[PDB]
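Before any questions on binding or motion, here is one chain by itself as structure tokens, the form deposited in one PDB entry.
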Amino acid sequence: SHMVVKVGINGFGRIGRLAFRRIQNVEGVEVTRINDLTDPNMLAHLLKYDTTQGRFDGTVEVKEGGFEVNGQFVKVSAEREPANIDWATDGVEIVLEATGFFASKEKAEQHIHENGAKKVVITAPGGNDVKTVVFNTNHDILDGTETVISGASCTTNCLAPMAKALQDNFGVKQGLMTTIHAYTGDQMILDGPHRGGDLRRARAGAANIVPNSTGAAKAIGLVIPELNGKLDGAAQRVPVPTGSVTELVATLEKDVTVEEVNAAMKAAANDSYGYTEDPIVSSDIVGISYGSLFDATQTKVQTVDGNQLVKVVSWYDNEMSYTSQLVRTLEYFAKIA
């Protein structure tokens, strides 16, 4: 609990580097080994300088075998195959699989061998033989015997605590979700052939409102079984480089008022789910450690006839909120065995 889990990161892209950054400020968790195929000098620079998350809090120098991050050495390997990483050499109990390739059960568990690691957390959905965990919503399902788990998506970690609070208090019949989302790496900087064939993600990301699909509301059942098949949604990608907001319009079993809804969210608040009545904007949530931040100023309960539509809304940094939730799950999972 104050015990410091030694952590490996595989793939030092956006999620890896931010996971690293987050881990400096949540100790009782420590990265001793990074693995990635790109030039360590390219990697050091991108750890140091970050457009949206700011300059690194400290110092980063390239040394033989790794980095000195504020004095402390950290090993950087470039082993292509997960089977070939001697994690146990550097005390590494658990691995954050963040490449984007090794995202099934049988691929990720190649990290497990006598010189490898005990456990693995994947940064995508794993399917349905790999448990899916949003911290402080459904992390109770972990018994400790599991070899590989998933941290869900950025959108799922925002929606989950907000949806869970609606279910436990009032009961959700059905709901539709709209995420107003920062542009992401899967969009073209300028109009051009998207190698996925998506005609919308082919368009200039920082110059357009771009509608896009998302499976977060449809696959919410993996995290909250009571809402399986009850939620659907979509996204509007807009020109901010990070920071997002999720609106849920739902029909509930119980009658409610705005005040009841907000107070129920305030009472559900914890390290993962924040609360605020400050009329904030997206730039204010960049770098937060909440997985989701409910905003009471945007709540609506529309009673027309007997019938009620309820609008809820929660902010999230699709980068750092997600990262923070992932580090929370990576800590807890390593501390059961």
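Whichever C-alpha set is largest while still superposing within 1.5 Å between the two forms counts as the rigid core. Residue numbers count along the first chain shown, from 1. What changes on going to the form deposited in another entry:
- Core-based superposition between these two forms leaves all of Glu226, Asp86, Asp232, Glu260 but one with CA shifts under 2 Å; the exception is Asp86.
- In the core-superposed comparison between these two forms, the C-alpha atom of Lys63 has shifted by at least 2 angstroms.
- Annotation: Cα of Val29 displaced by at least 2 Å between these two forms, core superposition.
- For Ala103, a C-alpha deviation of 2 angstroms or more is recorded between these two forms after rigid-core alignment.
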Second form
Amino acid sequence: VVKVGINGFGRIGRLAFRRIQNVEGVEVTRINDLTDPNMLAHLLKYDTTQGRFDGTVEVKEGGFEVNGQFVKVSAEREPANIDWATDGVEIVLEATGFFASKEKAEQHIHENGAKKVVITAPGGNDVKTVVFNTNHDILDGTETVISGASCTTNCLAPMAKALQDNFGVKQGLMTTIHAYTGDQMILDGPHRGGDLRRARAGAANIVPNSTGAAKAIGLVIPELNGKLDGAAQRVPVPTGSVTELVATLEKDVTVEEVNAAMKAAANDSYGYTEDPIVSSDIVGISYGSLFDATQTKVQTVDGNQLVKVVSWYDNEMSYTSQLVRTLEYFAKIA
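Please give the corresponding structure for the form deposited in another entry, as opposed to the form deposited in one PDB entry shown earlier.
We keep it simple here and write out only the one chain, dropping partners and molecules.
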């Protein structure tokens, strides 16, 4: 049983905690955030988009009990000052959004701190970046800091990989139509990151925004390095997203071939569907990516093809499911 610590008990932190309850041999013994146990316990119990917690939660001194079992809560602002080892913690899920680099994540690793760190976000080009079931084979267990990549990367990767392996990808442009997130303002106001679009009311607008997922795909699928770019449209749903990829391929294809190739690539991480679903239908799913064969296009004009492939993801639970798969596997080979 590997003992895990969560830094940043936010959307990803709390959902990771929920999934970990059904993973034998991984257990959370410590949570660090910037608030009291009552706030954190309440947010675990009740969840607007992901439903009521499946179990009991009872606030205690310095923490809370989940199904009888105590979990320590601290409010330490600096990772360097978190004494993870006190609670037996070997691996930290770094889920704050503020320490997503090798140098900053490593602050968790000190005397009486943690041994290893999994960043719940892109962590820079000097940190191994893992999409479970696409490139988790790059791990040997000696790594001190790893990255679970982004929500959009975990969605895009198996879809793009399948295209590459089957047909060959020349280039592609991606658009993600994406749920609003906590880095957007609830109402028009000064954005601390200087983004004039994330400054705007997130639940009342279509909001264009940048994403590096397509550009950084090379870190996950080397052979696609430099081939993909993209962007996002943030829209008023509180969770649930979809990724469209328009690509040129090395082989002529049909819609049926493309869909069949995706179905053949399906596994625990990459789902396949032919039902005409909408975003609420993918909230809480455990696939990292859910290919939607109903949205496939292959456009042939004067012998030239553009291919459109589309995959759903719950930017919350889909990512978290992938994250916990990567955490479990990493813990077992550490």
